[PDB]
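J.: One letter stands for each residue in the lines below.
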Amino acid sequence: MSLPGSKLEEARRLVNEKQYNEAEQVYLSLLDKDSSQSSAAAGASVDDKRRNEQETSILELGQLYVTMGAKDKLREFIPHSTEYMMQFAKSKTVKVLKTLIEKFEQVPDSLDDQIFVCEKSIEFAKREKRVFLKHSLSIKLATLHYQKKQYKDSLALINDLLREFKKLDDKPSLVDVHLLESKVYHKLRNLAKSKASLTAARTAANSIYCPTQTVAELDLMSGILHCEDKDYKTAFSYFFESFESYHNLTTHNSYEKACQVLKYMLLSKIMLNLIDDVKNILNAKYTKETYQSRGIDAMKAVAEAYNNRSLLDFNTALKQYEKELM
Amino acid sequence: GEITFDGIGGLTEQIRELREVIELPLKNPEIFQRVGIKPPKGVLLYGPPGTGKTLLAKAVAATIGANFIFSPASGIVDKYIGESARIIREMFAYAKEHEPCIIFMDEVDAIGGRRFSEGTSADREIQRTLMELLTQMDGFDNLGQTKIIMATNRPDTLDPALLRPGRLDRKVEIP
Amino acid sequence: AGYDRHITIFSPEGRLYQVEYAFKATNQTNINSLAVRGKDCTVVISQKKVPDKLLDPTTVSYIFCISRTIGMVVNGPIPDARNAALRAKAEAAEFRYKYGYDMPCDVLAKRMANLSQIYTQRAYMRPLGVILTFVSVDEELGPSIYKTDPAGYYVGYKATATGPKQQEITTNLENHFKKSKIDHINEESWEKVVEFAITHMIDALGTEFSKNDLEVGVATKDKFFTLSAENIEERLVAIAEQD
Amino acid sequence: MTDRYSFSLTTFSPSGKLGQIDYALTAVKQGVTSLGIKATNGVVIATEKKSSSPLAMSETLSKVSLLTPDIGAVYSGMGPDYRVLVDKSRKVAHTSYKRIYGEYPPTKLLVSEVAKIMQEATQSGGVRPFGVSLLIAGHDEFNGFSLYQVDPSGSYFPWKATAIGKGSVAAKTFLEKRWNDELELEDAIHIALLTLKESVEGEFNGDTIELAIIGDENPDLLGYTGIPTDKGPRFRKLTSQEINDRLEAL
Amino acid sequence: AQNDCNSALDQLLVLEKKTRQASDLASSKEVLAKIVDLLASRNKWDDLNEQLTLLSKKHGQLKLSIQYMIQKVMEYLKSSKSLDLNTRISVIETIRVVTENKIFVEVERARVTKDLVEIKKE
Amino acid sequence: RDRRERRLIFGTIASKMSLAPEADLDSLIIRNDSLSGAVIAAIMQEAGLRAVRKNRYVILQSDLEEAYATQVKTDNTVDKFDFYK
Amino acid sequence: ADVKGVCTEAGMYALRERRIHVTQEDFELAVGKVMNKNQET
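Note that the protein sequences, when read in sequence, are chains Q, L, A, B, P, K and J.
No gaps in the numbering here: position 180 of the first sequence is 180 in the entry's author numbering, and each next residue is one more.
Converting from the second sequence to the entry's author numbering requires adding 175 to each position, the first position being numbered 1.
Converting from the third sequence to the entry's author numbering requires adding 9 to each position, the first position being numbered 1.
No gaps in the numbering here: position 49 of the fourth sequence is 49 in the entry's author numbering, and each next residue is one more.
Converting from the fifth sequence to the entry's author numbering requires adding 27 to each position, the first position being numbered 1.
Converting from the sixth sequence to the entry's author numbering requires adding 343 to each position, the first position being numbered 1.
Converting from the seventh sequence to the entry's author numbering requires adding 355 to each position, the first position being numbered 1.
None of these hints come from the bench; they were simulated from the model.
Treat the hints loosely; a few may be bogus.
Restraint ranges, calculated between C-beta atoms of paired labels, are given here [unchecked claim]:
#, chain 1, residue 1, chain 2, residue 2, range
1, P, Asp51, A, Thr235, 25 to 31 Å
2, P, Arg47, L, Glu177, 34 to 40 Å
3, K, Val382, B, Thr208, 22 to 28 Å
4, P, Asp73, L, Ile183, 45 to 51 Å
5, Q, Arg189, B, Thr208, 43 to 49 Å
6, B, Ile100, J, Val389, 54 to 60 Å
7, B, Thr208, J, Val389, 31 to 37 Å
8, A, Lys62, P, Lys85, 50 to 56 Å
9, B, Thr11, A, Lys62, 52 to 58 Å
C-beta atoms are modelled at their ideal positions from N, C-alpha and C, and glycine is treated no differently.
Generate the whole structure from the sequences, applying the supplied hints.
T.: Structure representation (C-alpha cells):
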C-alpha cells in the first residue's frame, strides 16, 4: 500500500530482485509521499515507526556501502534523517543515535566514512540535553583512529574522555575506554602504562554488574601483557579462566573471542617449555572446540618442531601458515 | 592401640568416618596425589569422651599399625624458657620418623583456649602453645602421613583458629 | 521492660530470638516432610514413627484432615500442633458458614500468619513452633500447596520440603522440572502420582521406610484421604514389581 | 490468672532515647532496598521481589500492597510487622471514608492514620511497637502525586524521592542527579532500573524487581466498560514481561 | 509338565515369604535347589536361565543361593556354545550375583568372570 | 568478594583438582554471594578432598554440590533472617 | 588528621607513576577518596 509496513516488504523485495540502489529509491519515496498512520513528520510519512524501520534500511545499505565506495550516499542520508528523531521522544533519539556507528563497525571497510558520520552525531546530540555520552561516542572514533594506525592522535583524545567519565556516572563506559587506552599504550611502547590502566579497568569492572564476556575480555588483555612483560605462568592462569568460562557458555561465545584465547593459550606453553601440554589441548575438544585453522596447525607444528630440535620443520610452518599466524 | 577396631563395632558410624579420613591416605598417598588436592589435615572428635571416644582413638591406631602418641595437653605447660617449644618440636619430628602416627590431643582448651575473659593470668602460655601448632600447619611441612586428632567434650572452648578450615577441616561428631 | 527472651520483645539487633529458635529444633523431632503436586492430585509424604509396640499408632497423627477436603501437615510437636489444629478447624468451619464457600489453602495460611504475629508481639504469649502445610485440590486453582512458617511469614509453594534434607529433595525436582518444562507432572490415577513422589523421596533421603514409618495423605477433588498401612506397602512393592 | 502486663515496654533511656525504636531501626537498615520516585507525570515505586525458592510461588509474597485504590506502599524492615499493619490501614480507610466523604482518604490523611497505629503501639504495653518503615506513594486528586516516609515510631515527613533499606544514600545520589521534576513515568522506570543495577550486584533481573506505578488509567480500572460515573483506580502493577520490555528500552 | 512347574512357582511364593528381608524366617539354599533343578527338568537350561535372571532381581533367600545356581546353568550354556554363549554375556550384565555388589567375596564370583573374559579375548 | 571475584576463586582452585566440562560456574555464582576470599578458597579445596574420601576420583559440578550440601548444615533453618524471605 | 591522610594517599599515586615529587593532581584525587568514605551507606 502506502503504509509503513507494506513499504518495508516491497522495498526489501527490491533489494533481492534487483539491487540495494533500487530499494533505496523506494525507501526515499516512502519518506517523500505515501500517506501513513498517525501524524506526519516528513510531510507525508512517520519517522517514529518510520524510524524503527529506518534503522533496518540504514543497516541493509550500510554493510555494503563502505566496501562499495557507494559510501557517500550512505554518509548524507543519516545526517538528514536525524532531524526526524528529534521531533520524537528522548528515548527514541537515545536508542537510534547510539546504534548507527556500531552498525557500520560490524562490517568495517572504510574507516574514513565511519569517522565522518560520527562527528555530526556528537554536535547533534548536544542540541537535545545529552552531553554525558558524547564522549562514549568519542571512544568509537578512537577505535577507528587505532586501526588507521594513528596511535598518537588517539592518545591525545582518549585521556580527556577518561577524565569526564568518573564524575558523570558513565561507569559502564569506563571499562571500555580503559581496555582501549591500554591497546594504544602497548603499541606506542609503554608496556608499564598498559598494566596500570588495565588495573583501573579491573577496579571499575568490579564496581558494577556487567556481562560474563567483558570480564573475560580484560583477562585476555591481562594474559597478553603477561607474555610481553614475562611470567608465562601468570599468562597461563587467566587464559585458563577465560577458556573454562567459554566452555560453560559452550558454542554461545562469539567467534573472535574464542579463537584469540585459544591461539594465545597454545603459544604461552611453547615459550614456557610445557611442550606436552600443547599436544593435550589438541586432543581435547572442550578446550579447543571444533576449531581448526592455520594458527592451530602452526602451534602444533612449532611445538613439535621444538621437541625434535628441528629447524627445517620450523621454517616450513612459518611460511605456509604465515598470513594468519604472523 | 590396646583395643581392636572391629571388636568395637556397634559404634559403627564413628568407625567408618574415622577409617575413611585416616586409613586410605596412609596406606595409599598415591590416589590423593593423582587428583591434586591434598591429603586430609586434622580431625576433631567432639561429643562425649565417656561414651567410648577414647576406645575409638586407640582402635584406629591398632589397624594401621600407626604409632599412637597420647599427649597430656597441660604437660606440653612447663614453666621454663622454650621447654614448651621443645616438646611440640620433638613430638612432630618423631611423628615423621615413626610415621604413620596418630597424634592424640586430650581435651583441647589448655593448648587451644579462647582466653578466659579476654584477660590473662596464665592464658598466654596457652597462646604460646597454640601459635606453634598453627605454625606447623601453615608451614612448608604438610600433614598426610602424620595425622593429628583433637578431642574435647565441648567445641565452645576451641579457638576460632582451629574451627576455621585448614587447621581442622574434618569434624566428626559422635551421634 | 524485662528482657528480650524472658518476654517477647525486640532483641538488641532488631531480631526476634523466639522466631528463629521456632524455625530450628521443631523439625528435628524425627520428622521430615515433602509435598509434591500431581496433575489432578496433591501428594504429601511424611515420616511418622512409634517407638513402643504398646503405642497404638492410629491415634498418632501429624497429617490431619481439617475438613472433608482440606488436609494440614504439621511439622512439630503435638502440644503445639493441636493449638494450630483447633484454630484451623474453627477457621475452616466459620468460613464455610459466613462466606458460603470451602476454605482455600491460601486464605487459611494468610489468616493463621497474621494471628501468629500478634502472639509474637504479646508479652505473655509465644509464637507456635509448628510449620503448617495446607493441602487440597482446589476447584479455584487446581492442586495447591501453601505453607506458613513460624514468624508470621508464609508463602505459596508448587512443591516444598522441610527438615535438613530440604536441599536434596529440591535439587532432584528442580533438574527434573527444567528438563520437562513443567512443575506438575501429568498422570490421572492417584497411584501413579504416589509412585512419582516415592521415586524422588527414596533417592533424596537415601532410604526407604516401612508402612508404619510413613504416613501418606492424598488430596483429590472434594476429598482428602490417608492411605491405610497395607495401601502404603502396596505402593512400595509396586515400584519393585517393575524391578 | 491471665495477663496483668500493662506496664509500657517502650521506656526512656538516660539520653532521651527509646530503646525499642532504636532496635527496630537496625532491622529496617538491614531490610530490602526500596525506593520511591514521583515522576511528576506519575509515581513509580520499585522494591525487590526475591524468591524463597525456585519451586516457590512469589505471587503470594507481599512486597507491594495497595493500601487504598490510587495508593501503594512498599517498605524496609520486618515483613510480619508490615503484613498486619497493611491490614489495619485497609480497614479504617474503607469503613471511615468510602461512603462518608464518598471516596478514599487523601494521601497525607492516610499517612497520619498509619502514624497513629504505630504510636498507639509504642505508648502502650502488652506489645512491643511495630518494626517497620514505609514509603507511601500515591495519587489523590486534591494533592497530585506524593511520597511520604513513615518511620517506626510514626514520625513522618514529606519526600519527592527517597530510598530506605541497605545502600540508601548512594541510591539517592543517582536518583537526585537523573531526575529533577517534569519527567515521563516511563523515563523514571528506566532511571530506577539503572540506580538499582549499581546498588545490587551478584545477579540482577526484572524478575527480581517488582514494580508498581500509580500513573495510568484503563477502562478496566474504572472496572467497567460502560458510561463513566467516576474515575476509579490508577494503581497498576506490571507483570514481569512488561518490566523486561522496559529493561530493553534504553 | 504343568504340575511340577506349579510346585516350583507356588513354592517360590512360599520362599519369598521365607527369605530374610528383616528379622523374620531364614535364608536357605534348600528351597532354591528344588526350584532351579526341577525347572531345569520341566523345561531346558537356557529357558531356565532367562526366567531365573528376571526372578533374581527381586528376593532370593540371600544371594549366595542364587550365585551357586547361576554357575551350574552357565556350564551347560558353554558346553553347547553358539547363541547360548552370547546369553552368558546378557545374564551377567543384567544382574550382579556372580559379579556381585552386595559382597565382593567369593570364588564362584571370580570363576564366572574368568570364563566370560577368556571367551571375549579368544 | 564481589561476583567477578568469587568467580576467579572457583576457577583457580578448580584448575588444581580434577575438572571436566562439567564444573559449572553459573550454578555457583547463585550458590555463593559475598563470602571472603579465605572462605571461598577453603570450601572449594575441602570439597575436592571430601569427594575423594567418598571414593570418587572424578570431580564434577554434581560432586562439589553433594559435598557442600552435607557440610553446610545438619539442622533445618527456614529461609534466611526474619527481615526478608 | 584527614589533611595528613590526603598527602599519604596522594603519595601512593606519585610512587606508582615513578615521580620524584608529588603533584597537585594527586592531591585532588586523594580528597575525592576521603569524601567517598564519609558518605557511607
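J.: Against this structure, judge whether each hint is valid.
T.: Against the structure, the hints:
no.: 1; hint: P:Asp51 with A:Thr235: 25 to 31 Å; verdict: holds (27 Å)
no.: 2; hint: P:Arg47 with L:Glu177: 34 to 40 Å; verdict: holds (37 Å)
no.: 3; hint: K:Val382 with B:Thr208: 22 to 28 Å; verdict: holds (24 Å)
no.: 4; hint: P:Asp73 with L:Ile183: 45 to 51 Å; verdict: holds (50 Å)
no.: 5; hint: Q:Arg189 with B:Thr208: 43 to 49 Å; verdict: holds (47 Å)
no.: 6; hint: B:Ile100 with J:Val389: 54 to 60 Å; verdict: holds (57 Å)
no.: 7; hint: B:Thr208 with J:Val389: 31 to 37 Å; verdict: holds (34 Å)
no.: 8; hint: A:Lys62 with P:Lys85: 50 to 56 Å; verdict: violated (29 Å)
no.: 9; hint: B:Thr11 with A:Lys62: 52 to 58 Å; verdict: holds (57 Å)
Against the hints set out earlier in the document, a violation occurs for number 8 only.
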